[PDB]
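Encoded as structure tokens, the following chain is the form deposited without the partner chain, with no partner shown.
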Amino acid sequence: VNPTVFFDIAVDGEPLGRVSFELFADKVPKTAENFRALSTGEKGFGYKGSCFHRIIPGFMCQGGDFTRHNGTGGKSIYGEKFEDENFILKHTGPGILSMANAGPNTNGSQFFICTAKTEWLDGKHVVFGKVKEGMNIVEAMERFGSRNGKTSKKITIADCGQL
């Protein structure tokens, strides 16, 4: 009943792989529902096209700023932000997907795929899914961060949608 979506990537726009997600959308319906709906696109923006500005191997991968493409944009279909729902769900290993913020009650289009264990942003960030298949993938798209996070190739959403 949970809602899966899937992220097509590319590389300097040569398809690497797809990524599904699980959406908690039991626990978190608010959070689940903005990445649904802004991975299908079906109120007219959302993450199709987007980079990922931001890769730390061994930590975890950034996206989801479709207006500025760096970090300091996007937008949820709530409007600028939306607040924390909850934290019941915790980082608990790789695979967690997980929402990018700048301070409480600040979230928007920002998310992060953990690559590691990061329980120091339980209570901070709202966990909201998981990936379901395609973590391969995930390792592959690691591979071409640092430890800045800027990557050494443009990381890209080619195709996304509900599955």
The other form holds:
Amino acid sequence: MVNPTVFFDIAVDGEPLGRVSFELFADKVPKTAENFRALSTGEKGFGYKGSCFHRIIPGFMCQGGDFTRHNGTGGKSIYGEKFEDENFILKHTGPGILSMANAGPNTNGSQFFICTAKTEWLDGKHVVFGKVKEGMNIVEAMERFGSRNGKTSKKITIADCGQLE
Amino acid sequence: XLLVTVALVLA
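Okay, that was the form deposited without the partner chain. Show me the form deposited with the partner chain bound next.
Next comes the full complex, and the chain you just saw is listed first.
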């Protein structure tokens, strides 16, 4: 078994910026990693392609994953609307950590965030399931369009995504 | 504040 690598191609108001690839820890959180992997290939008939990063706060994180309502309120898992917090073995140790956004205990859907700093206050509350493998400079470039309140000054979209390995 | 939630985004 080798952990899956998935990629996103980011565009800023339609102009391609670059590729970010992620390693997903299916060896520690198989169910959360599988959810992100199938949503990145679109193989269940819905997924991240074409969705946006709706909330970016420089120094904190970039958040996206709402492919249903697009405004930050929706999204869903490949298991039904929401699923359980698989475990909290991994922490939010520094830039590059991939973790699930939620609305309290056991409410995981499709929304996720990429940490641009250690965010230890989220440990034990949000399930960490991946890391940026390549393209951290694209994530850094994305923060430039965010603000303290999270609204972005340009539309940041996942122009394409899929599985590499 | 600095949280990541779906539904009611808190400070």
